[PDB]
Amino acid sequence: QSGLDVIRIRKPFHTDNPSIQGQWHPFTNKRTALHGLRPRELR
Amino acid sequence: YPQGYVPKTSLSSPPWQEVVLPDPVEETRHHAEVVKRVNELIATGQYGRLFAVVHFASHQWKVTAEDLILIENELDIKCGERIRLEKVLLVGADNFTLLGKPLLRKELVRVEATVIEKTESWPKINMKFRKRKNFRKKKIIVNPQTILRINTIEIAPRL
Amino acid sequence: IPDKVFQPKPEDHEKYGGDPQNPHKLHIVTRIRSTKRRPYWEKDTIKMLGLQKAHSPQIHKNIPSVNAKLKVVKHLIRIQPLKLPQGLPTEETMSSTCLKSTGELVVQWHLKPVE
Amino acid sequence: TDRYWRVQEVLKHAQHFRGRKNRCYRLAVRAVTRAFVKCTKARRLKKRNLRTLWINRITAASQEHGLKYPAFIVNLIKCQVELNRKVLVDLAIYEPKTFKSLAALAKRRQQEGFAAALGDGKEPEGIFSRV
Amino acid sequence: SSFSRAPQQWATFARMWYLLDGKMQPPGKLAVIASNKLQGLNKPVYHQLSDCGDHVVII
Amino acid sequence: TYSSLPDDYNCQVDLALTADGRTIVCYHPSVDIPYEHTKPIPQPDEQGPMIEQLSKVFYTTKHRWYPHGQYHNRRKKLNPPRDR
Amino acid sequence: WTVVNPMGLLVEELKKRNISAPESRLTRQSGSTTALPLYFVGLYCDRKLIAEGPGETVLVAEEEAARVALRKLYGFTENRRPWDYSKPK
RNA sequence: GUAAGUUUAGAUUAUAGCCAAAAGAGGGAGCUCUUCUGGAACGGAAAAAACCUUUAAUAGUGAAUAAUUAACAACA
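Protein chains in written order, with the authors' numbering: chain b, 107 to 149; chain S, 50 to 208; chain Z, 41 to 155; chain R, 15 to 145; chain K, 2 to 60; chain a, 34 to 78, 103 to 141; chain c, 232 to 320.
Read the hints as simulated data drawn from the structure, not as lab findings.
Note that beta-carbon positions come from the ideal geometry of N, C-alpha and C, so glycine has one too.
Treat the hints loosely; a few may be bogus.
Each computed BS3-like pair below joins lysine-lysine, with the alpha-carbon atoms no more than 30 Å apart [as the list claims (entries may be wrong)]:
{"no.": "1", "chain 1": "R", "residue 1": "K26", "chain 2": "a", "residue 2": "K133"}
{"no.": "2", "chain 1": "Z", "residue 1": "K87", "chain 2": "Z", "residue 2": "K140"}
{"no.": "3", "chain 1": "R", "residue 1": "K82", "chain 2": "R", "residue 2": "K121"}
{"no.": "4", "chain 1": "R", "residue 1": "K82", "chain 2": "S", "residue 2": "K173"}
{"no.": "5", "chain 1": "R", "residue 1": "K60", "chain 2": "Z", "residue 2": "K152"}
{"no.": "6", "chain 1": "Z", "residue 1": "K114", "chain 2": "Z", "residue 2": "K140"}
{"no.": "7", "chain 1": "S", "residue 1": "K187", "chain 2": "R", "residue 2": "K35"}
{"no.": "8", "chain 1": "R", "residue 1": "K82", "chain 2": "S", "residue 2": "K186"}
{"no.": "9", "chain 1": "R", "residue 1": "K82", "chain 2": "R", "residue 2": "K136"}
{"no.": "10", "chain 1": "Z", "residue 1": "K101", "chain 2": "Z", "residue 2": "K49"}
{"no.": "11", "chain 1": "b", "residue 1": "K117", "chain 2": "S", "residue 2": "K173"}
{"no.": "12", "chain 1": "R", "residue 1": "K60", "chain 2": "S", "residue 2": "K188"}
{"no.": "13", "chain 1": "R", "residue 1": "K82", "chain 2": "Z", "residue 2": "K76"}
Residues from chain c that face chain b, not an exhaustive set, calculated with beta carbons under 8 Å [unchecked claim]:
{"no.": "14", "residue": "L257"}
{"no.": "15", "residue": "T258"}
{"no.": "16", "residue": "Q260"}
{"no.": "17", "residue": "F271"}
{"no.": "18", "residue": "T288"}
{"no.": "19", "residue": "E309"}
{"no.": "20", "residue": "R312"}
Derived Cβ-Cβ restraints for the label pairs, each shown as a range [claimed, not checked]:
{"no.": "21", "chain 1": "K", "residue 1": "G23", "chain 2": "R", "residue 2": "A49", "range": "25 to 31 Å"}
{"no.": "22", "chain 1": "K", "residue 1": "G23", "chain 2": "c", "residue 2": "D315", "range": "56 to 62 Å"}
{"no.": "23", "chain 1": "S", "residue 1": "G129", "chain 2": "b", "residue 2": "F119", "range": "17 to 23 Å"}
Model the full assembly from the supplied sequences, consistent with the hints where possible.
Dropping the structure here:
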């Protein structure tokens, strides 16, 4: 046994590098348009 | 109009749209061509952090360097002793990934980890529901446990 | 139910892939339902056959006495014919036997993907 | 002569209770047992919720790429992929590029599967449908 | 990838604005879609306590 | 068009089978947005009302901002757990 | 390592490498007029994006994008090869 | 197929059910009786002691299933 306290462990996994390919955000997988035109822009 | 011709309408055409697959002969060439490029990538070692999925016990653990994994049972292995995981179905790189069918060849992937600690789980209260329960009808568990630290992941261009 | 159900016909033979000659020797039976709330005669037969646990394979002889017992519990069991593609296992190969879901007991387990 | 400590055993579990329950042994003992039983029942149900959460997250990730969860699972099964739902959630969150590759793989098998189903097996099995 | 922690949290937890046209459209089908978008169920990391709902505009 | 999904948003997915046939190779290099398909950064450079203003800014309920009694305030855990 | 003025430092490295200073562009925009605006700013070198960062304001996104570029410059990518402690040699 | 059984001696406990569903009998509704069968979830039928799925209970951030409110105007 180690000196670490014996109590409930919330998560059985510990990692210092959770993501390798990058964390997903809503703008991921969203296609751009020519000139980056925002929606409903008349131009 | 040709015989048995149905004009397109709401009900004449199915909602789903038919697709056409590429011809097999050229498809294999693309399959082989892609493999050759990847084989060079593995040989050149053009990758950094890697993630590998390993199935241990009844659990599947996505694993990376320095990861800590806890197993809720004894293992009989001394602490500080490196161990090789033999069940890996997937390994991933920054710009490519490999998928087992259903498992990767032992030659391609070798994964090693070290045993950190042997411990028992925190107490777990068990008390069944019953009329006139009484206070002494309760049980504790503290299921044994073990700690594993990921050490290294080794791959080779053996496609 | 007519007795023809247990008297097979050529069409039934083709459907289930069973040869009218060389009748199969052994039955494979598994309990698929609970005996709770069932009459005592059903309960007694299930215990006698040993199908206490559900989804547990049991091998039985295809003999008239056993067939009568299986018929009583027919609704609570699934019956499959055991097949020996490689024949009976030997003493040396007794440790390499494996029973497939198809109903075939192989006498050699090579741990190689069939693919 | 240890009756005081027996009450302390109930009290120590009842220190965090509110109202006269925390200071009345008659009520404190009942509350302590009720609290323990509630945890016991939740243990079995707790596991089921976690799987439900994992499945729900997978569906949103699959729907983000335009793939239905049932279709994605079936095609992966046809490909002999046995990654668990918990790992699948992590892959989408932490390996979005891999998830798209998985999404592309499942869709390609789905296209091959639809072709195979329409073919009825007369046509040769597809490259991605080969076992 | 390689983004700073605080900006990374902001982007993933950000809420989006959506526009819907109701002309000759069944409200119920729009409501089913609107509920999905409004509740935040369209996000892969949806959690009950994350308050990840999104803005929906209907015209 | 070997890939079954559009490759123009996240990454170029190239699916391949290894020579042995018991492995699938996926190559996924990321795709960058075209210069033409983006815009340049913009070159030009009381108690009751307080809760209402707070509610309006964050689209929250007014009930959220009301205080709580001493009983619950003391109960709050002072040390939220954070590892790494 | 404390780095102030990331944009200036990024430009300083680029001129040393004889690389054109990237042209900042607004890759994505959301909730601009709300109290919680999200801006994505991408650094485009020779009309090619080198690094992109998210920010609540255009300035914040540009600063974050600069920080991302600096990590890329010095090979500190999030996906970089992990250091190895296993080697007995 | 299976492992109890017969006899001798000592000795108590028990000697009041509940509800569903079957089979009868008075009766002509429904009631009124008698007989046989089954039951006491941690799942489901909404809340449902009595119906359906359910062999015990142990830890696990595994897996396959069971039962599981739902159904798709008339003219010759």
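Hint by hint, here is what the structure shows:
no. : hint                          : verdict
1   : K26(R) / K133(a)              : holds, 20 Å
2   : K87(Z) / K140(Z)              : holds, 25 Å
3   : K82(R) / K121(R)              : holds, 10 Å
4   : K82(R) / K173(S)              : violated, 39 Å
5   : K60(R) / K152(Z)              : violated, 38 Å
6   : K114(Z) / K140(Z)             : holds, 22 Å
7   : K187(S) / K35(R)              : holds, 21 Å
8   : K82(R) / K186(S)              : violated, 47 Å
9   : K82(R) / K136(R)              : holds, 28 Å
10  : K101(Z) / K49(Z)              : holds, 22 Å
11  : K117(b) / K173(S)             : holds, 16 Å
12  : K60(R) / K188(S)              : holds, 19 Å
13  : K82(R) / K76(Z)               : violated, 40 Å
14  : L257                          : holds, 7 Å
15  : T258                          : holds, 7 Å
16  : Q260                          : holds, 6 Å
17  : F271                          : holds, 6 Å
18  : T288                          : violated, 16 Å
19  : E309                          : holds, 7 Å
20  : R312                          : violated, 11 Å
21  : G23(K) / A49(R): 25 to 31 Å   : violated, 51 Å
22  : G23(K) / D315(c): 56 to 62 Å  : holds, 59 Å
23  : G129(S) / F119(b): 17 to 23 Å : holds, 21 Å
The earlier numbered hints that this structure contradicts are 4, 5, 8, 13, 18, 20 and 21.
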